[PDB]
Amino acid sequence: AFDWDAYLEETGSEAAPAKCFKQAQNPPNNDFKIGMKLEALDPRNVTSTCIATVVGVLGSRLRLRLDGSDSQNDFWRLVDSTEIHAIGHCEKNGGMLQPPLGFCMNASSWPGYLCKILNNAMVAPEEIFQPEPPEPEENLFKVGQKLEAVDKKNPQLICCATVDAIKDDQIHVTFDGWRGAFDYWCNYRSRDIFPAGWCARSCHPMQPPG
């Protein structure tokens, strides 16, 4: 557990208040189990809803892999992400499930594939999907404020970071102790940013400065 209070004191810094973040006040409970299947937007084509399997769990997050793709493009979503849903959600809403971009077979072999993978599948029930947190009405972040941020190049990691700059709805996230190597701009509504102390509260590891 990272001593944020000691760190903010020695850097003469403030943590961005919880109200800046599109995150729940308390980290949402994670009742997902490894092997559970669900529907997720394909990160390599966000127009597509695909079958994903929980291949890992960490704090309030899921490590997801798209069925019939590869093991090199896993992605992490919170249990209260709006990009994941129970199986049947897509169809209920007028849509069709799609093959993943990295599908390992040919596209005509898709309809049969879906039947095979969904057959007697472990499915995440709709009740363990958590409600989407309320979002801030404006960008409340201020330059100099510290927070916890996902390293988008190594998304298993959530790290000590600082808001470097602000342009309207975008904040510039810099990772303390890492000389701008994996900084990024993101919307203030990002699900990849958390208030200081959130990881400890959710039983997710939190990386100290580089």
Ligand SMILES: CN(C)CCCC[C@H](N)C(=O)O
The other form holds:
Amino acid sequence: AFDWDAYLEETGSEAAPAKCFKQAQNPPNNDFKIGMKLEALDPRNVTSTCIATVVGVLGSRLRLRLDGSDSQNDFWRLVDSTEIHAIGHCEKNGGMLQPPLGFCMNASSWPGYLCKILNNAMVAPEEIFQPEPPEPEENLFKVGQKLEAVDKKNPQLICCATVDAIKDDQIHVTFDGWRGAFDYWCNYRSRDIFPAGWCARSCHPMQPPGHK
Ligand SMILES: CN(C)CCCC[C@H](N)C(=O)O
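Show the form solved in complex with N-dimethyl-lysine, please, because up to now only the form solved without N-dimethyl-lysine has appeared in this conversation.
Entire complex below, previous chain first.
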């Protein structure tokens, strides 16, 4: 557990208040199990809803892999993400499940494939998907404030970070102790940022500053 209070005192810094974040006040319970299938937007084509399997769980997050794709493009979503739903959600809403961009077979093999993977599949029940947290009405972050942020280049990691700059609804996230290469702009509504102390509360590892 990272000592945020000692860290904020020594850097003469404030953590961004919880009201800045589109995150729940308390980290949502994660009742997903490895092997459970669900529906997720394909990160490599966000127009597509695809079948994903939980291949890992960490705190309130799921490590997801699209069935029929590859093991090199796994992605992480919170259990209260609006980009994941129970199987059947897409159809109920007038849509059609799609092959993943990285589908390992040819496209005419898709309809048969879906039948095969869904047959006696372990499926995440709709009740374990958590409600979408309220969002702030505006960007309330201020330059200099610290927070916990996903390293988008190594998304298993959530790390000590600082708001470097602000432009309207976008905040600039920089990772304490790391070269500016891991920096990124995101919307203040990002699900990839958390108030200080959130990881410890959710049982997710939280990376201390880098040694540079
Ligand atoms: C924590 N995060 C901001 C940086 C992670 C970088 C790890 C990588 N293997 C490296 O050593 O470059």
